[PDB]
Amino acid sequence: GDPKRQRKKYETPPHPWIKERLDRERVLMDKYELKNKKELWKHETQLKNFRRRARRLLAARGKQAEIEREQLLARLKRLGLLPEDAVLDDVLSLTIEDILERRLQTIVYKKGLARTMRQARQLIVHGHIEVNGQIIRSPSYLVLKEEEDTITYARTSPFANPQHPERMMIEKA
Amino acid sequence: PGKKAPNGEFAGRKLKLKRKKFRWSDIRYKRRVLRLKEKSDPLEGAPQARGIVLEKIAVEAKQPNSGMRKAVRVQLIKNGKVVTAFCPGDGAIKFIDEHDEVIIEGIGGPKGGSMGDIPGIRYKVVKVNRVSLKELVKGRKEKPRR
Amino acid sequence: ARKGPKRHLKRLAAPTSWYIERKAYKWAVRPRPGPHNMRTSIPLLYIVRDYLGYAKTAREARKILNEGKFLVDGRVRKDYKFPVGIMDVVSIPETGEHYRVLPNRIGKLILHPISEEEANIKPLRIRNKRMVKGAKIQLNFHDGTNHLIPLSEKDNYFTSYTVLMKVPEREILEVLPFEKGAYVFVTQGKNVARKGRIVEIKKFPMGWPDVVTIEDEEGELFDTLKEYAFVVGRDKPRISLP
Amino acid sequence: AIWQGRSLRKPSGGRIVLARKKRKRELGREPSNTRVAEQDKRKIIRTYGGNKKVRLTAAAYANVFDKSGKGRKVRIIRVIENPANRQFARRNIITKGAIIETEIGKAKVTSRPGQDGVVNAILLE
Amino acid sequence: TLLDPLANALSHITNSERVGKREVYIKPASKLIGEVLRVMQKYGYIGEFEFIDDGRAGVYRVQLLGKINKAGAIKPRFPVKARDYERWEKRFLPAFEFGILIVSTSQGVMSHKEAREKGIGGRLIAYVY
Amino acid sequence: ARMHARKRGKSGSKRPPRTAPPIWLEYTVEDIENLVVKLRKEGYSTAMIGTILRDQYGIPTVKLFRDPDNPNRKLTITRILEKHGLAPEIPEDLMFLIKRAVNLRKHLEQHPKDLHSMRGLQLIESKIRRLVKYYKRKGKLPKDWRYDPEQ
Amino acid sequence: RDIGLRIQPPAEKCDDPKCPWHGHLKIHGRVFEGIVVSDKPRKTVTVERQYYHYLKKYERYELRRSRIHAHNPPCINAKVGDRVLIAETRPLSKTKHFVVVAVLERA
RNA sequence: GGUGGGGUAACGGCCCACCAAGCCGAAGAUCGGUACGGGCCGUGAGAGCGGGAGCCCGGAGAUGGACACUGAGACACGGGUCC
RNA sequence: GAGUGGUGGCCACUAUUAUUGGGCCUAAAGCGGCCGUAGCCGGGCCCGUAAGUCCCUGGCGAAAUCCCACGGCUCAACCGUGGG
Ligand SMILES: [Mg+2]
Ligand SMILES: [Mg+2]
Ligand SMILES: [Mg+2]
Ligand SMILES: [Mg+2]
Ligand SMILES: [Mg+2]
Ligand SMILES: [Mg+2]
Ligand SMILES: [Mg+2]
Ligand SMILES: [Mg+2]
Ligand SMILES: [Mg+2]
Ligand SMILES: [Mg+2]
Ligand SMILES: [Mg+2]
Ligand SMILES: [Mg+2]
Ligand SMILES: [Mg+2]
Ligand SMILES: [Zn+2]
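Chains as they are written, first to last, in the deposited numbering: chain D, 2 to 174; chain N, 2 to 147; chain E, 2 to 243; chain J, 2 to 126; chain I, 2 to 130; chain Q, 2 to 152; chain R, 3 to 109.
Just so you know, the hints here were simulated from the structure itself, not pulled from any lab data.
From the three backbone atoms N, C-alpha and C, an ideal C-beta is built for every residue, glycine too.
The reader is advised that the hints may include incorrect statements.
[As the list claims (entries may be wrong)] Derived SDA-like pairs (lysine to any residue); straight-line CA-CA distance at most 25 Å:
| id | chain 1 | residue 1 | chain 2 | residue 2 |
| --- | --- | --- | --- | --- |
| 1 | Q | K84 | Q | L105 |
| 2 | Q | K144 | R | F34 |
| 3 | E | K204 | R | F34 |
| 4 | R | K28 | E | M132 |
| 5 | Q | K139 | R | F34 |
| 6 | I | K28 | Q | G13 |
| 7 | N | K22 | R | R66 |
[Unchecked claim] Quick list of the computed label-pair ranges, beta carbon to beta carbon:
| id | chain 1 | residue 1 | chain 2 | residue 2 | range |
| --- | --- | --- | --- | --- | --- |
| 8 | J | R30 | N | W25 | 54 to 60 Å |
| 9 | J | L125 | R | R66 | 42 to 48 Å |
| 10 | I | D54 | R | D84 | 43 to 49 Å |
| 11 | R | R51 | N | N80 | 36 to 42 Å |
| 12 | E | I202 | R | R51 | 32 to 38 Å |
| 13 | J | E31 | E | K167 | 57 to 63 Å |
| 14 | J | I105 | E | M132 | 37 to 43 Å |
Taking the hints into account, I'd like the entire structure generated from these sequences.
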């Protein structure tokens, strides 16, 4: 036979030039300030996988099925994508925008640490943001609900000083 | 014609035999299993080949087109057979000299054969004396050894 | 093995009852021939190094063993390839600790702490029984060891019985028969590590192995092979079990 | 030399192409044709696993047993007949099942001289 | 020649229901056809039916109510295990609980819903929806 | 349809469903058996005996009386004849077909060019072989029994 | 006498050393049941067994048959057409590895 | 295939002497073609179709064809002999 | 998008191999006609058996590879502990 070969984690469109899909994806890319299409596609694949797990477990029965069902629900609401009282059916109503709201770049922007999405990306990449006492430099990292409030400037960063000229401009917004 | 047969629960052998029997009428299956292409391929299953130029020729386009397409005769190093290769580009024939060595590959027509208005030509020139022909046509590079 | 015996063992092909990381390195210790078989034993080096953690590298593990710091069934073992198996007793007298080797609920070997007094006895399952020259009876136990008894007591011992042996003197002190109502502990199969009491025994023609039915504490009945049932007491266990 | 591995013919009659060389553990040895002679002659063969066989090539005495369980050591005169091969009796070849004549009567050989190194026979009434 | 009395009955029923017949006669009767008719009546697909005795194998008289979309026999009679009913449902039925499959088990003839409740398999013989 | 000609004739008897003999029938079982034996001794075929019984004596099929000796089965003409030892050695339809074949063969000796009649002979012999296979299976004929026209 | 099969021994005795009932032969392994289809050679029979094989792609069955050569002791002496029971032994010839132990239904 | 032996670490037409005519086959023998086998890998909604170099388990080989010594184990890749 | 093009091969496209699931009056395709051996498919009721078939339960089908949750490298790819 053949040994294992590592495979891509995302899927490409079936047809590269469809006008409606191009327009929709362009709107998303502009709004969330992503670097290239593949990054976007990555998140899409994640969404699809969740749905494909929900569809398979609805039509199943037995002992392992219940365990996997509760594990899926717990994982989904640990990420902050579902409320605490959601049921399995609610999985089938998630959208691509729901996942994009959990990116570290977006959350840094929404919390008011930056004036713009691009500034948030630069702040993350250069190492000015700490999450739960740890510095992370990946703008696409998905933030868990339990750690969302412990996101601040790094304690060694120049921005961790309210008199810094650039921070005062950020606070002005 | 009645119902498709056999449908019986214990008629597996006959059904398998029938399917195997009529699969030989599929031309794609027959050529793969009997390996008919490998038996007549001058390139011997390779994607590219290297050869030596013997002479320059020109081929007329088919009706209702008009024009002359510049090609060369190439003798293959690996087995000594002689084939015809098209030279793509505007004025590309001026960079070819007799006794040069070239790299050729498929021209890319339907069913791995010829394309366009020049049937009978199955290959095209890619390199001349280890230099890309496309560059030479565009410039950006000079043909070595004059 | 084109021309002779194998001397090596890859990590990926190691026995499935060990606690070992199969991708950290290339090679594993090939165990020496000894008391138990491959499926129910582990080399002593892994006990010294990986289980208890008294050593970090193999080189300093061998230095500990050569000083005679480890006792297996009351005897000093220096070979780092020595196999240690089911129902054995591992004693460290310098630290004063004792363990018994037992299968897990999923079939892996673990060390179960025991008291010092219990460390002097070992249960042995009578695996076979034969006549030997001079008209004596030889008993062959499940771990490969042997014992001799006179012709007078030939009716006090049969296969599948359990003998409680005092180690390292190897002196018999108790015989536990195999019958209805005996307390058993399962060593292999799907029902490994479950324990209970014997209810029924069944037999089959033409050499197929025989099956026993066991009732546990909660009152459930389950079947297993007779040779996988290890007698440990009359109506209560005589040794500590997890 | 003498190879005892497998047949080169399938039971249906088709031929078999050999797929490997001959292994050392599959070889035989020359048969020992135990003759009747004035003096006994034997050798020792080193065999697989470092074991030994005692091979008898010339025989002069025999052990003859009666239905009562007693045995006597007597010498061999000749071989009357041998069902194993059609011309063994003429050449005085002793194998298991041969009929020999001794100084106390006819006897039938019960041992394998090529494997044991001794000749044992039962007395015929 | 005649090979399958059960298939003829179901094809006759589905042919008759498409032209608004109110009753039909099944000419060769048998115990299996009676069991299938009983199961069909339990779910409300047909009305009352009765057995008429000639000197031959007997006849069945069946009342139709116009509540059948399609009815057919399954050949060959595939064996099915107690947890494999979904793919056959997708093969023969239009929705996830639309209609019934009729199964012969060692406890009698029944719909596949009852068989799945009891946790047993059997042989598929017909579908109705 | 017909075995060879593939026609679809439907003519036949339409027996009403009844179990007990009719009221107006007055013969007992013994009288019927005596009549059957007498008619057989006159030299009639099994099918002809029933025809005569129906037409002249007003007796519908004798399969309306239980067998007095074997209560599990009803009465038939062949069983009645077997009870007295008058039953045919060879089944009647096979005998009739063989008799038809013998007569036709001697016709074809004087008319070798009558090819249309020869096909009838071939069909008759096909029927004969089907019947002999069936009767061998059920044990009504010895296993070595064979059909040879040259006999 | 019993040899582990729990069936009736044959009526009479024999002197064949290859007889499991009266000789030194031992039986161990599979036990099959079949129909004799040939008895031409001395002390040898051919036994045929039929079974069904399931074709996964076509979800249907086909019929297959297995033929085995077996030793025929004189005390039993099976013939063509009857049901026999056979058991596995050590190799006896190039193709014989079974022995007939019982005739279940004489032809 | 049987009977009687030899040889082997060991059962066996594995090899001999003698007695018989058996054994395989249109449910594909025999012969020819192409290939190391598997766990697995690629693709597809699935049913399927195609491949089986790299990591693990099993087999075989040491320029081609034959043959031996030592040893628990070889007819031995960095041991021996002939063409 | 640190990649993007050319040539050859396999799968899909393809219900152009059709068990699920294709066709044969006029488009490729019903032997010129019939009889019959093996095979496949075979009418109704009653009794028995339990080979096929269904359910429960023992012994097996190495590890790696696949899916899920949790844990360790900044997260991930990767690796460990459990459930399949
Ligand atoms: Mg490979
Ligand atoms: Mg292959
Ligand atoms: Mg390589
Ligand atoms: Mg296409
Ligand atoms: Mg078409
Ligand atoms: Mg026609
Ligand atoms: Mg025509
Ligand atoms: Mg029927
Ligand atoms: Mg069964
Ligand atoms: Mg595994
Ligand atoms: Mg960490
Ligand atoms: Mg993680
Ligand atoms: Mg892992
Ligand atoms: Zn016998």
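Hint check results:
1. With a CA separation close to 36 Å, the supplied pair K84/Q and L105/Q exceeds the 25 Å bound.
2. About 32 Å separates the Cα atoms of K144/Q and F34/R, which puts this hinted pair outside 25 Å; it is violated.
3. Simply put, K204/E and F34/R have alpha-carbon atoms about 21 Å apart, close enough for the 25 Å limit, and the pair holds.
4. Proposed proximity of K28/R and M132/E is supported: the alpha carbons are some 23 Å apart, at most 25 Å.
5. Distance check on the hinted pair: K139/Q and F34/R sit about 31 Å apart at the alpha-carbon level, beyond 25 Å; violated.
6. At most 25 Å may separate the alpha-carbon atoms for a hinted pair to count; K28/I and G13/Q meet this at roughly 18 Å.
7. Restraint check: the Cα-Cα separation between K22/N and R66/R comes to about 21 Å, which is no more than 25 Å; the hinted pair holds.
8. For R30/J paired with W25/N, a C-beta distance near 56 Å keeps the hint of 54 to 60 Å intact.
9. One distance hint, 42 to 48 Å for the beta-carbon pair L125/J and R66/R, is violated here, with the actual separation near 55 Å.
10. A hinted range of 43 to 49 Å for the beta carbons of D54/I and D84/R is consistent with their spacing of about 46 Å.
11. In this structure the supplied range 36 to 42 Å is violated for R51/R paired with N80/N, their Cβ-Cβ distance being about 57 Å.
12. Look at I202/E against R51/R: about 34 Å separates their beta carbons, and that is inside 32 to 38 Å.
13. Checked against the hint of 57 to 63 Å, the pair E31/J and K167/E passes, with Cβ atoms roughly 59 Å apart.
14. For the pair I105/J and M132/E, the beta carbons lie near 39 Å from each other, so the given range of 37 to 43 Å is met.
Violation of the numbered hints given earlier is confined to hints 1, 2, 5, 9, 11; the remaining hints are satisfied by the structure.
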